[PDB]
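Missing here is one protein chain; the remaining ones are kept as they sit in the complex.
Here the chain labels run A, B, C, D and E in written order, and each chain numbers its own residues starting at 1.
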Amino acid sequence: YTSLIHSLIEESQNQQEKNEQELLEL
Amino acid sequence: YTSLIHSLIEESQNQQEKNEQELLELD
Amino acid sequence: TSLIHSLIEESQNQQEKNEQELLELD
Amino acid sequence: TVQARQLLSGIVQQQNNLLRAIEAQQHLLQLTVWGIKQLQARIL
Amino acid sequence: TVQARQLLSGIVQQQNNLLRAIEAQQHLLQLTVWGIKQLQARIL
Partner (left out) sequence: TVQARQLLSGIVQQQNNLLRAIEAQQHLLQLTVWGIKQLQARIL
């Protein structure tokens, strides 16, 4: 479970930076 | 608490499927 | 725990703001 | 009808759902930490 | 716009990310609740 959680959080962290960048670009 | 969390997660699962349906319809 | 409690406090305030904004948008 | 509105409303609702789930998990987590801290201090 | 829908898609994917993360955390937290109860029963 620990590895499943870590991979999801890592993906979430990249998605957050992407979403914040895309928001700023609008 | 364990049953309470499971109920909240399940409500989130239902809402997630709904949002994904609305997203595809928006696209 | 103190880090978590402060983050949840911020999330609760933001949730109230977003709900006010959503209602005003509608 | 603004077309993205129903998605936006559902996203806001979903953030409420997730916040409530995280808050409930935190109660169970702090109970687990307390049990650990209590056993550590009580064992000889 | 396409750009706005790209962001909305990113937000919905992010919510799925967070939901799946907390689901997996709930499974791990269930295992830790069981472990501390098993150890508490042995002592207290």
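Everything that follows uses one rule, which is that a contact is a pair of C-beta atoms (placed from the backbone, for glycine too) under 8 Å apart; a residue touches a chain by one contact, two chains touch by 3 or more.
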For the chain not depicted, the shown chains it touches: A, C, D, E
On subunit C, residues whose C-beta touches the chain left out of the figure: 1, 3-4, 7-8, 10-11, 14-15, 17-18, 21-22, 25
Missing-partner contacts on subunit E, residue numbers: 7, 11, 14-15, 18, 21-22, 25, 28-29, 32, 35-36, 39, 42-43
Residue ranges of subunit A at the interface with the undisplayed chain: 2, 5-6, 9, 12-13, 16, 19-20, 23, 26
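Here is the rule we use: only the chains that are shown with their structure count from here on.
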Path length in steps (a step moves to a chain that is touched) from subunit A to subunit C: 3
When subunit D is superposed on subunit E by its C-alpha atoms, the rotation angle in degrees, nearest 5: 115
Centre-of-Cα separation between subunit D and subunit A, whole angstrom: 18
Contacts with 2+ other chains: residues of subunit B: 2, 5, 9, 12, 16, 19, 23, 26
For subunit E, residues contacting two or more additional chains: 4-5, 8, 11-12, 15, 18-19, 22, 25-26, 33
Complete list of chain pairs which touch one another: A-E, B-D, B-E, C-D, D-E
